[PDB]
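We begin with a single chain expressed as structure tokens, specifically the form solved without 2-hydroxybenzoic acid.
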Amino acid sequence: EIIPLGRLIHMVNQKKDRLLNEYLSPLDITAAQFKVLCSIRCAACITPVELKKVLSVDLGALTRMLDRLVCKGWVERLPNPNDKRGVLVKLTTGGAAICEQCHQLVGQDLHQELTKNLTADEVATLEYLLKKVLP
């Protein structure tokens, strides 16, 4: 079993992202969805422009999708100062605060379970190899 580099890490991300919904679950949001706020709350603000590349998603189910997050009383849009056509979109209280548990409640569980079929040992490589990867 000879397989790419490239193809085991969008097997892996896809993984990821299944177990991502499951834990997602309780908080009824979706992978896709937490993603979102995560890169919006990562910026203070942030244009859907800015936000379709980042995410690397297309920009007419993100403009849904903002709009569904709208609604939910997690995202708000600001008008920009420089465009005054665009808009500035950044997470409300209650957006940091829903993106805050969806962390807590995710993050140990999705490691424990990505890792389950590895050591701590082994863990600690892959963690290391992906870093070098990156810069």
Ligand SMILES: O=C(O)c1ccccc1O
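Each form is matched to the other, and the largest set of C-alpha atoms that superpose within 1.5 Å is called the rigid core. Residue numbers count along the first chain shown, from 1. First, how it differs from the form solved in complex with 2-hydroxybenzoic acid.
Superposition on the rigid core between these two forms places the CA atom of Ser25 2 Å or more away from its counterpart. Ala120 shows a C-alpha shift of 2 Å or greater between these two forms [criterion: core-superposed Cα displacement of 2 Å].
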Given for the second form:
Protein chains: 2
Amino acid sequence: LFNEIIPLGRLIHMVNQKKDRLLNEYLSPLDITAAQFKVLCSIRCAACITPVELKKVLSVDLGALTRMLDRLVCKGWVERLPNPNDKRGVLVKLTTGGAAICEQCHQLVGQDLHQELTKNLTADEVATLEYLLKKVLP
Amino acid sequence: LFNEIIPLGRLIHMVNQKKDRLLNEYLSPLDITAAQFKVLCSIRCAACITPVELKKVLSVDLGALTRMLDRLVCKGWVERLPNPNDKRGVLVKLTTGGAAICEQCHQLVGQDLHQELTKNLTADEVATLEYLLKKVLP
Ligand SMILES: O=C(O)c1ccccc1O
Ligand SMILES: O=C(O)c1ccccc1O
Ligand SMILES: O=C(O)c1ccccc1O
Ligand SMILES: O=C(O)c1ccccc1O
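We have the form solved without 2-hydroxybenzoic acid; now please give the form solved in complex with 2-hydroxybenzoic acid.
In what comes next, the whole complex appears, and the chain from above leads the way.
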């Protein structure tokens, strides 16, 4: 692995891959799926967002989103309200319980990933990788 | 950005995000979508793969995959064959043309991303980021 020249793009891929695999593994015992968790974190950040805008942010099939949003409402984690800047549409936001669920999860997974991801590079120091990864964003 | 302590997980996220955004931007002028490209690269690597296995590898709604696979067949990029280790199922593989399309794209995007992603950290040296990113995989 350290004897092969793998281009950054693929490495970022492989690592994101791993990151998600760990995520699924951490949510495996909980009554919620990785996808449901992602949809909650995305609606949260935006406070209120349209399903279509949410559809664009997640890069997902609209059909699967609709069923997804309905499942989330059934779980009492999401609710729909009229869109002010419109009238033919709605917005979806988290219900109080949904918000709590999203925070219980966000905290736990965030505490297991950091460890697992940093489990062996710590010496080289997460701060350095983080530093260089920032130089890629602007 | 360099004055805020953003945890690795989110940074990897934000960066993968960026990476995909560039991808969409590079394929924007071509008659193909990022999702179609991903499905082609995934089938390729595996040589031959079942739709369900492909469904698992991509983490996508089966419904959107089915329509996706049909669209790809219409474009002449993918073809279905009987699954040997089964008999009630099929495998999907790329057609010769599909293979070429996947290579024309893989080469171009791979040549624009490397540059764009490395556009400003080059000094710090992509090799270092790549090194540390590897220490995260095992
Ligand atoms: O679930 C909805 O209310 C919805 C509304 C508009 C477009 C896509 C959707 O899933
Ligand atoms: O409806 C869901 O719970 C769901 C969960 C994971 C992926 C796609 C989905 O529609
Ligand atoms: O497209 C198919 O042939 C297919 C077959 C089995 C399961 C999901 C699928 O999309
Ligand atoms: O069928 C497609 O071309 C397609 C493209 C991007 C995302 C989902 C899809 O089904």
